[PDB]
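There are 2 protein chains.
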Amino acid sequence: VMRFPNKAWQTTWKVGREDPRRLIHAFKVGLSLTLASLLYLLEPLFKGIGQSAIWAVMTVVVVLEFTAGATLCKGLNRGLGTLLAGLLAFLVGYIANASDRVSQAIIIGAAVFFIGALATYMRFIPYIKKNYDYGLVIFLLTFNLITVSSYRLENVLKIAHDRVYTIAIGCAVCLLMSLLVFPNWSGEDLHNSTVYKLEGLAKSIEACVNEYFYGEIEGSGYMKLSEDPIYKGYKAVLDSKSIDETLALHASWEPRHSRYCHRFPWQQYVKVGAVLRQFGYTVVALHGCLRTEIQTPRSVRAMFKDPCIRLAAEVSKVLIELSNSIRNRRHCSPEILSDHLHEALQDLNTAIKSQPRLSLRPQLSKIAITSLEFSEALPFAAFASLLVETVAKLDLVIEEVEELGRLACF
Amino acid sequence: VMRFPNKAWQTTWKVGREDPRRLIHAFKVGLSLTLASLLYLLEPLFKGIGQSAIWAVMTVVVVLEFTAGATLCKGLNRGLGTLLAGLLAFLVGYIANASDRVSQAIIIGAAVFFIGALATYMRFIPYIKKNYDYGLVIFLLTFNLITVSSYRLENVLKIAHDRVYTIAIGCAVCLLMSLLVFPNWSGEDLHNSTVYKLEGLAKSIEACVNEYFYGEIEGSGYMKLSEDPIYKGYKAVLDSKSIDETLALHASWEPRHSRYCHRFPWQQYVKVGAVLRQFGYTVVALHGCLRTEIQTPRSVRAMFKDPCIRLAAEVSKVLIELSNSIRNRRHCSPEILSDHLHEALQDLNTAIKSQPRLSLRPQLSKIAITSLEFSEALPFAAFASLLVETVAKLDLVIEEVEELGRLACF
Numbered sequence: 036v037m038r039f040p041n042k043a044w045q046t047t048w049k050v051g052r053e054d055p056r057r058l059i060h061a062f063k064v065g066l067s068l069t070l071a072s073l074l075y076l077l078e079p080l081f082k083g084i085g086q087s088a089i090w091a092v093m094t095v096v097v098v099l100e101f102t103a104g105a106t107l108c109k110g111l112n113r114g115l116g117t118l119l120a121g122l123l124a125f126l127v128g129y130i131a132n133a134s135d136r137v138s139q140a141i142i143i144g145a146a147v148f149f150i151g152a153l154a155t156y157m158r159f160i161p162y163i164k165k166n167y168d169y170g171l172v173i174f175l176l177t178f179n180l181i182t183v184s185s186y187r188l189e190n191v192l193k194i195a196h197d198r199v200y201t202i203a204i205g206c207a208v209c210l211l212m213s214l215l216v217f218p219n220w221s222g223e224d225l226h227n228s229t230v231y232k233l234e235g236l237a238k239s240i241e242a243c244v245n246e247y248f249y250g251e252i253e254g255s256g257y258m259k260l261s262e263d264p265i266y267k268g269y270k271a272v273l274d275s276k277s278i279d280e281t282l283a284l285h286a287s288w289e290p291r292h293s294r295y296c297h298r299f300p301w302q303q304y305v306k307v308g309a310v311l312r313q314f315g316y317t318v319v320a321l322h323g324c325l326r327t328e329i330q331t332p333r334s335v336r337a338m339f340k341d342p343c344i345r346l347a348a349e350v351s352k353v354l355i356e357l358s359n360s361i362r363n364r365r366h367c368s369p370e371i372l373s374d375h376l377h378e379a380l381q382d383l384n385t386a387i388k389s390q391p392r393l455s456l457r458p459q460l461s462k463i464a465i466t467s468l469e470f471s472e473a474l475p476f477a478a479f480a481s482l483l484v485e486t487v488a489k490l491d492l493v494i495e496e497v498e499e500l501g502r503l504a505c506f
Numbered sequence: 036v037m038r039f040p041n042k043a044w045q046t047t048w049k050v051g052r053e054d055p056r057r058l059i060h061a062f063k064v065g066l067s068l069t070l071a072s073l074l075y076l077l078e079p080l081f082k083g084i085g086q087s088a089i090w091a092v093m094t095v096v097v098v099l100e101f102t103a104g105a106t107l108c109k110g111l112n113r114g115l116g117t118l119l120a121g122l123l124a125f126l127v128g129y130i131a132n133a134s135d136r137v138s139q140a141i142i143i144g145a146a147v148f149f150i151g152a153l154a155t156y157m158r159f160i161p162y163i164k165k166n167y168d169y170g171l172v173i174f175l176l177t178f179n180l181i182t183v184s185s186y187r188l189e190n191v192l193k194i195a196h197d198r199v200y201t202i203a204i205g206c207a208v209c210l211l212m213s214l215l216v217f218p219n220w221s222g223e224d225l226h227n228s229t230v231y232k233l234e235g236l237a238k239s240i241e242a243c244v245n246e247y248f249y250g251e252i253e254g255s256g257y258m259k260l261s262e263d264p265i266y267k268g269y270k271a272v273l274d275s276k277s278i279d280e281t282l283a284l285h286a287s288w289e290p291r292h293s294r295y296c297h298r299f300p301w302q303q304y305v306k307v308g309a310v311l312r313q314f315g316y317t318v319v320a321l322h323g324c325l326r327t328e329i330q331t332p333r334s335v336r337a338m339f340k341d342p343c344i345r346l347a348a349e350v351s352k353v354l355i356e357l358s359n360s361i362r363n364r365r366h367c368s369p370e371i372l373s374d375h376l377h378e379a380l381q382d383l384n385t386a387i388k389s390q391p392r393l455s456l457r458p459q460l461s462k463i464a465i466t467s468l469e470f471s472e473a474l475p476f477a478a479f480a481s482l483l484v485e486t487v488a489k490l491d492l493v494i495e496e497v498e499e500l501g502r503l504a505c506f
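Listed in order, the protein sequences are those of chains A and B. Quick note, the first sequence lines up with residues 36 to 393, 455 to 506 if you use the UniProt record's numbering. Quick note, the second sequence lines up with residues 36 to 393, 455 to 506 if you use the UniProt record's numbering.
It is worth saying that the hints were derived from the structure and are not from the lab. Careful: at least some of the hints might be erroneous.
Pairs count within a copy or across copies, as identical chains cannot be separated in the list.
[Said to hold, decoys possible] Taking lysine to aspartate or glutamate pairs in the DMTMM-like style, the calculated list, with each CA pair at most 20 Å apart, reads: (1) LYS165 x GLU496; (2) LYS49 x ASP168; (3) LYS340 x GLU253; (4) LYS462 x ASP135; (5) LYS238 x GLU53; (6) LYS164 x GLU469; (7) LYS462 x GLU499; (8) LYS352 x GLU53; (9) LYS276 x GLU234; (10) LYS42 x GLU223; (11) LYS462 x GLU495; (12) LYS164 x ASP274; (13) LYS276 x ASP224; (14) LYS276 x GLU189; (15) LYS165 x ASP274; (16) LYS270 x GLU280; (17) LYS276 x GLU262; (18) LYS462 x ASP168; (19) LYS270 x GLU100; (20) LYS340 x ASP382; (21) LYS164 x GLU356; (22) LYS306 x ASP274; (23) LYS165 x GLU223; (24) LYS388 x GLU241; (25) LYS165 x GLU100; (26) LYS193 x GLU499; (27) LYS267 x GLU498; (28) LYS462 x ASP374.
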């Protein structure tokens with residue numbers, strides 16, 4: 036326990052060093068909250084609206100999002116959600132307070148119940164559970180907080196359309212401190228997520244072909260994929276579907292057209308993200324192939340250290356020449372795929388041709465498998481087939497990235 | 036657009052048919068919200084606390100969670116979060132209102148700012164972004180809503196420790212309508228997530244070995260993995276890490292010991308979930324192997340339709356005999372791994388022995465690969481190696497599930 040809190044300093048700097056913007060965004064949100072709350076003192080003038088200041092702070096806490104685009108997409112989304120909920124609440128309240136006491140009680144109760152049922156239900160729907168989840172958490176909260184105002188009085192509507200002015204001051208501070216201070220344009224954050232994916236995926240292929248051929252120690256059963264920086268690299272391409280999707284959305288939903296880009300192509304980046312997702316499924320197949328129970332003997336696995344190491348180096352070289360292409364906004368070399376790549380594949384083909392033979457509770461199945469003369473190099477043949485499928489996927493990725501370029505300025 | 040809303044009826048029943056409990060939980064949350072809000076009318080007696088009723092409703096909306104365990108884990112978590120935030124706010128308020136006007140303004144502003152900075156920052160930390168995210172969203176909201184009370188008056192503390200009684204009525208309704216009405220004990224929801232994983236994974240292996248050998252049509256490049264029910268099966272084992280982790284937590288955090296289970300083993304289920312995650316990485320390697328660009332010829336792929344189909348059938352049979360074992364609470368047959376499995380592997384080995392040879457913009461790399469005489473059956477060799485690694489992983493899964501049984505009553 037002594038080292039738990041201080042050890043946080045190591046978790047905290049990862050957030051710090053991995054990305055410095057998060058610090059700037061935190062200081063943003065802070066200065067925004069404080070500037071909005073400072074309605075505390077300014078009430079004596081400026082129309083005496085300082086009493087409702089809290090709402091400005093809450094608005095900054097709900098609308099302001101890290102990516103200046105996101106703080107506008109969800110901004111408008113939470114806004115209509117709350118406006119729709121408020122309209123429904125005002126409706127149920129006007130229909131309420133209309134019949135006698137027990138009548139209004141039954142109507143309010145049935146409305147709140149029906150609504151909450153529907154609300155949690157929709158919460159279960161996985162279309163609006165991870166995204167637009169705020170669409171029903173806010174919906175329900177606003178609706179109940181307005182149904183409670185129904186009972187009190189109707190001058191509450193007056194005071195609400197008054198305090199809308201300060202909720203607007205809060206929204207304006209959010210908009211400003213998100214777009215015109217040190218914005219994090221989500222578009223151009225999906226213009227760098229791609230280069231990160233490509234760089235990390237090249238790193239992952241190189242590191243995979245290394246930890247297999249110059250094996251740390253051949254035996255598998257050491258730990259979870261998470262600890263090794265290889266998973267650090269290809270888990271992104273594993274799960275970035277939603278990330279890239281929401282990024283492309285927010286970006287398309289961002290105002291800046293100073294790109295001097297004929298047509299804002301923030302969908303082609305999702306195309307490239309999908310191609311990379313497929314390439315990453317392949318790389319994950321690789322990393323699995325290096326942690327199998329039935330494993331090829333190191334010795335028999337040595338005669339190939341020559342060809343596939345070079346082949347993986349060429350795969351990573353082409354992937355990195357693509358990563359430089361999205362980052363520096365230039366189309367790839369026509370001959371990106373090298374004569375060196377084809378030479379490496381020729382060499383690997385030859386290698387395949389040369390020598391073409393190709455208390456404790458113990459594991460019963462492994463014994464069965466290895467007792468059978470299933471080719472000892474069969475796992476390696478699987479590895480090599482996966483590596484060659486990687487080489488093939490390279491062309492698909494190249495075509496998609498070049499279409500991307502042609503789509504953007506590039 | 037005409038068919039968009041009605042087509043929701045198809046999205047809605049999936050939630051309905053996939054699991055009926057969600058309906059019962061929705062009606063729970065609804066009856067709870069309404070019963071709490073019904074403080075509206077009961078104020079004339081019962082100590083006249085009906086004015087703050089809203090807070091009971093909000094408490095039911097925040098604490099009540101689908102899994103009776105979760106509504107207690109996050110319940111206590113959100114509670115100390117809000118208590119800590121309230122303590123910090125009362126501190127900054129007492130230190131506030133202590134110096135003169137501009138002094139209190141500067142202190143309140145610096146406190147709110149510093150706090151929001153820290154809060155959004157911590158929000159970025161991915162330890163408390165997906166889980167305990169409510170730990171900082173609530174933290175910040177409560178802290179600001181208490182800093183706004185600081186300015187008003189100190190009798191607010193009186194009224195707050197009064198309205199704590201009705202927030203307690205709300206919490207009690209949540210606790211009751213979550214534990215003693217139709218509870219969804221999260222533990223025993225991680226006792227069925229396992230059987231679902233195993234059943235679906237057997238289905239996935241069978242369906243994979245089928246869509247390759249009796250290929251729909253061999254060519255790949257049809258669509259995203261998501262549409263085919265195979266991804267429906269193995270994406271769970273892909274991403275269930277966090278799901279199983281939080282489930283085991285909540286379960287360990289559940290009160291019922293009527294299990295008559297010597298020791299509540301809600302970690303061994305996570306062990307089994309990890310073994311299944313590895314098995315599922317292998318199955319994902321398979322499904323990749325059936326959607327490769329470089330693909331084995333169907334003809335050359337026919338001579339093996341005999342052995343691996345039987346081998347995959349035996350893999351799925353053993354996986355399903357395990358799924359029945361966790362579901363019916365009995366240890367597996369000592370000889371779960373069949374003589375039929377070993378016979379299938381012998382046959383596949385023989386098969387490997389027999390015939391041991393083993455405007456449009458066109459894709460340049462594929463041409464290079466297939467022009468080279470890389471073995472046409474090399475992709476199939478990779479497929480077979482993956483299938484045999486599956487057979488091997490079977491023993492690991494068997495050992496983990498049997499340890500599980502021995503851990504629980506079983």
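Okay, the hints, checked on the actual structure:
{"no.": "1", "hint": "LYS165 x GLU496", "result": "neither (29 Å within a copy, 32 Å between copies)"}
{"no.": "2", "hint": "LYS49 x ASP168", "result": "between (28 Å within a copy, 19 Å between copies)"}
{"no.": "3", "hint": "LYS340 x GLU253", "result": "within (14 Å within a copy, 32 Å between copies)"}
{"no.": "4", "hint": "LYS462 x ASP135", "result": "neither (77 Å within a copy, 78 Å between copies)"}
{"no.": "5", "hint": "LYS238 x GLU53", "result": "within (17 Å within a copy, 41 Å between copies)"}
{"no.": "6", "hint": "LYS164 x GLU469", "result": "neither (51 Å within a copy, 50 Å between copies)"}
{"no.": "7", "hint": "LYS462 x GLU499", "result": "between (47 Å within a copy, 18 Å between copies)"}
{"no.": "8", "hint": "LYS352 x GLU53", "result": "neither (24 Å within a copy, 47 Å between copies)"}
{"no.": "9", "hint": "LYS276 x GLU234", "result": "within (18 Å within a copy, 26 Å between copies)"}
{"no.": "10", "hint": "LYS42 x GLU223", "result": "neither (33 Å within a copy, 35 Å between copies)"}
{"no.": "11", "hint": "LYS462 x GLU495", "result": "between (42 Å within a copy, 12 Å between copies)"}
{"no.": "12", "hint": "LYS164 x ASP274", "result": "both (17 Å within a copy, 16 Å between copies)"}
{"no.": "13", "hint": "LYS276 x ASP224", "result": "within (15 Å within a copy, 27 Å between copies)"}
{"no.": "14", "hint": "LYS276 x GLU189", "result": "neither (47 Å within a copy, 51 Å between copies)"}
{"no.": "15", "hint": "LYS165 x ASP274", "result": "both (14 Å within a copy, 15 Å between copies)"}
{"no.": "16", "hint": "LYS270 x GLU280", "result": "both (16 Å within a copy, 18 Å between copies)"}
{"no.": "17", "hint": "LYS276 x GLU262", "result": "between (22 Å within a copy, 14 Å between copies)"}
{"no.": "18", "hint": "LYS462 x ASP168", "result": "neither (47 Å within a copy, 44 Å between copies)"}
{"no.": "19", "hint": "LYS270 x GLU100", "result": "neither (25 Å within a copy, 30 Å between copies)"}
{"no.": "20", "hint": "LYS340 x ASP382", "result": "within (12 Å within a copy, 32 Å between copies)"}
{"no.": "21", "hint": "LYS164 x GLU356", "result": "neither (38 Å within a copy, 34 Å between copies)"}
{"no.": "22", "hint": "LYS306 x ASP274", "result": "within (15 Å within a copy, 22 Å between copies)"}
{"no.": "23", "hint": "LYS165 x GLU223", "result": "neither (23 Å within a copy, 25 Å between copies)"}
{"no.": "24", "hint": "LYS388 x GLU241", "result": "neither (24 Å within a copy, 33 Å between copies)"}
{"no.": "25", "hint": "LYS165 x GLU100", "result": "both (15 Å within a copy, 16 Å between copies)"}
{"no.": "26", "hint": "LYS193 x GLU499", "result": "neither (56 Å within a copy, 66 Å between copies)"}
{"no.": "27", "hint": "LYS267 x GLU498", "result": "neither (27 Å within a copy, 32 Å between copies)"}
{"no.": "28", "hint": "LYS462 x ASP374", "result": "between (42 Å within a copy, 14 Å between copies)"}
Violated hints for the displayed structure, listed by number in ascending order: 1, 4, 6, 8, 10, 14, 18, 19, 21, 23, 24, 26, 27.
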